[PDB]
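Here we start with a single chain on its own, the form deposited in one PDB entry, put down as structure tokens.
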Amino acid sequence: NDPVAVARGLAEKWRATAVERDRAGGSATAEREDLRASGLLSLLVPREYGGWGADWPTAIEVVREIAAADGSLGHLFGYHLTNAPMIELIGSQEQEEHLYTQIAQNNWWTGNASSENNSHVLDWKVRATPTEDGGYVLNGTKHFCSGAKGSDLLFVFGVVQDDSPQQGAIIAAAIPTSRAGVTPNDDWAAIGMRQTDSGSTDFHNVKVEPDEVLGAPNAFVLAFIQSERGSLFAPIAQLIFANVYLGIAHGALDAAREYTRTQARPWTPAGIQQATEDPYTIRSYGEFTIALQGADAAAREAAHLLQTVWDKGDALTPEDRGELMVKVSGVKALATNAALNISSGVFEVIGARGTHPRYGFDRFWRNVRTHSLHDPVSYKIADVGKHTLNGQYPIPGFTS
């Protein structure tokens, strides 16, 4: 019933292995299995199809608890959350019902190999060839996927790239990851986010049934142009990312605080008696907490705003979407700066012995530092700027 208490349960189980898992890399096989058994993969699926029917504020608190324990798992779980709502954003009422039921009844992980955020559609490596029955065949390798490996239902985008009428169209599809010719590779390596399985997936003559296709050809692109419901993709994904960073910064701050209390030593040349009494340590913790106090309050207001817009369904206006995306862009900036500042800053109050790999203290920083490059925070800042000054809204796309 309360999914947060369920998430905190796993979080506590996982803290015993946090250092090892960041050290070893590869797939968080046992942890993915705990999330599976927990029920939480169906957190946003409406109750009537077996899910928890959670609102966005609650789902976001789940993501934060998980991200505090483990940035890779918060990311993996968070991004899994953004996949299914695509069904109801752009798909049919029949697909909604069927796919939501299956997700919730089977506790499926969903993965994606969808957008290429920074390439021209004619240059995306995953091509879709029209089929006689109205389906497509996919071929080509998507280089940056998210959770494809280990997923059950895979959300993939192909681009029609031959000379027919749908030339350049983006075909959105939800398909079984185990279908013949889908090959998720085990080739993800990064300084951080090491267990998010964000490697490549090969598609070899992969059939997509006409019924597996979500909306018309190019339905994502057309929803963006209009600011229709499918244009909520970016603010939803961006707000979850922001909250993964916040959850990581909390876990850095709690890790450092427990170390200051147990293992840090006072700077005896300055006459300090105990490490928890140093005036500058104290000021530091004060600054970390305050920066998070500001960033988390903004994240929470953005989540309520996302819920209000969500609840409008098809009646949302470009202006409702614009204003949400402006607020999220600010949260994302806030979260990115605070998380990078705290995860590097706590070292100053941990001290030289805390640089031993056994504590794995650089993992928070490496995780935030890795994902915060997913898209450039300088353009999140400029979107907010353009809105403040010119009342302009960002142009809807995969990242804004």
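Residue numbers count along the first chain shown, from 1. Definition used throughout: the rigid core is the maximal C-alpha set that superposes within 1.5 Å between two forms. Compared with the form deposited in another entry:
- Of the residues listed here (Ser200, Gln166, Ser227, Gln95), only one shifts its CA by 2 angstroms or more between the two forms after fitting on the rigid core, and it is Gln166.
- The Cα shift for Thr129 between the two forms, taken after rigid core superposition, is smaller than 2 angstroms.
- With the core held fixed between the two forms, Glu116 has its Cα displaced by at least 2 Å.
Next, give the form deposited in another entry, keeping in mind that what was shown is the form deposited in one PDB entry.
Only one chain is given; partner chains and other molecules are left out.
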């Protein structure tokens, strides 16, 4: 029983309500529950801890299949898969055994509260006072809490800010979402990705136990500067995002295809008698498929490289991580423009009647248009040209 077959089954059912749920917005609890019951939430967990133990390429095909049915869910399951690796990326051998196992057998959803909204991306303003026993008390509020609402395990981030020399000490921690003080709000709203629960989360004196703290204080920053296994964060995240777009593009293409075949009318002023026999429609579809062909092929090739580097572990070099990031940055560019182009252009061949909300054909674009702004594609493109021309690798961070 492979997880791609299970992913396909869930997709079939979610296409019926895709239009309903997209317009409605809000949380998609019913669908999130169906994903729990499938058991795909422990897809990247090894079999030793009651997981599927799937490789990255296999896991990506599952993400692509979910994303085609619904970009929000594809993104929800996407960010979910990126969260758990943080334990084995920086956390201890004790935390790895405990946290992976309890995710697997409880079928826990995972969310995170990392990015905020103040001066700029690199200006995180939530406190974390170090208690005498070792723990930390989180004070403040986040704004882009990807999938935090309705989740079980929350991968939170914070900063130490006081007179003591610990300024910009980035703490990571995985706590249960039922902890006192935490409040993931129902204020998420965007043009697309409407059911991705990327809202705010207020922290009113939320405690973090010694075992819940992931790695040393400012551990991620050290791994980024040294280009160690922790710096694989961005390469992993950015490939899943890219594959979510390509998924949405495939769904948009598949949805248009069937419409053209059964609903679209030929333009009779031009002497056309069949919509599927229109030369320019035929050309439009060729153009879309070929843009996906190129992008998908780059994506799958990049997935195998991620797996190769993943298998090395701590033995990975800056050269390995750099090249991978440049390739993934290249796939991010291809995915974005191919998804934006297809999701918009698909309307040309559908026609005027296809702007009726009952089809919801603009949901593909709205989903891609929204999440493509997560990080600027211009600098993904810029980071590749820097490598091409000067061999310069991207500075490791949360996105690069």
